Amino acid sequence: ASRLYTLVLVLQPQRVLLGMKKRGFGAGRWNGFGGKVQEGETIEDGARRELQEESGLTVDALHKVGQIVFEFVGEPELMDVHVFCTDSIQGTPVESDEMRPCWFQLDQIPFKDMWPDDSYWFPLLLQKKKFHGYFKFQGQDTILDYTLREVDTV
């Protein structure tokens, strides 16, 4: 029992784009852009759609960089998050109802105001290493179990 999600990181040589989530799941934290994959679209199409809805941006190419499975205690569906990155974006990022975008220098990523799991796998993202992760949460703050490894194929 798992549900497909996307997460998109716009990662340029010296900065990364994050969005401050304004409502809904994860509100009040910076994150990549993404959301649920809909019936009738591929995972990559859903990632492009969420990037556009949340930031106005389109992209030439998205690259698979990771998969993260989340368990939330008491919730029946695992969240199967497909993580993508891109360097070349099209457009200037703009605020949506869901997200307020901002660029961050790579040594100034705001981990204290991000989901606690990002501290663990962001180093792999920045190192351009593909990964599989699993995080079990009690509520929104406490990681109870986790696993993280590098993989050759996402």
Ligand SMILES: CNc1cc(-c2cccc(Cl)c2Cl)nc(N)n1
Second form
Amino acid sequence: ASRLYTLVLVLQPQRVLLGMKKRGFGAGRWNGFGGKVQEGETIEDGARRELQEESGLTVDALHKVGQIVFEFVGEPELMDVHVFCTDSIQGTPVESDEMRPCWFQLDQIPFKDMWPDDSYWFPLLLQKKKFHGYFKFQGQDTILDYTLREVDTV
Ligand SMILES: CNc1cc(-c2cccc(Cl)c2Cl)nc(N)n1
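With the form solved without the named molecule in hand, show me what the form solved in complex with the named molecule looks like.
Okay, now the whole complex, with that chain kicking things off.
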């Protein structure tokens, strides 16, 4: 009962790229670049595609950094999110009708205007740790329960 998603963070030594989603699920929050994996696409090819479509950047190497399952109470389908990270990109970020990318200094990550789970796992991503997480949500603002652990292999 799970649907595959990817999420990609462009993380450089002193800054990270986030996008403000303007419409759809997650609108009004800053997040990485991501979406549903398509038929006939590998997860990693999905991640490259999402990044390229939503940010305008061309990515070279992608690195697996985590897997997070999200459950929304009342909704049958779980989100199975494969998280990736890259510091090897070409192009400049592009704002579109769907998404406004912005660079953030690592000391000014806008946690209060991100999904609340990011407060837990983003610091692990920043310190180059790999993780497996589960978050149970009620609606879009409230984490009822979660688990999060560091792993050697995603
Ligand atoms: C429910 N918590 C979430 C949900 C999501 C999310 C929402 C829409 C699309 C995609 Cl690909 C993702 Cl990963 N992202 C974060 N950081 N947290």
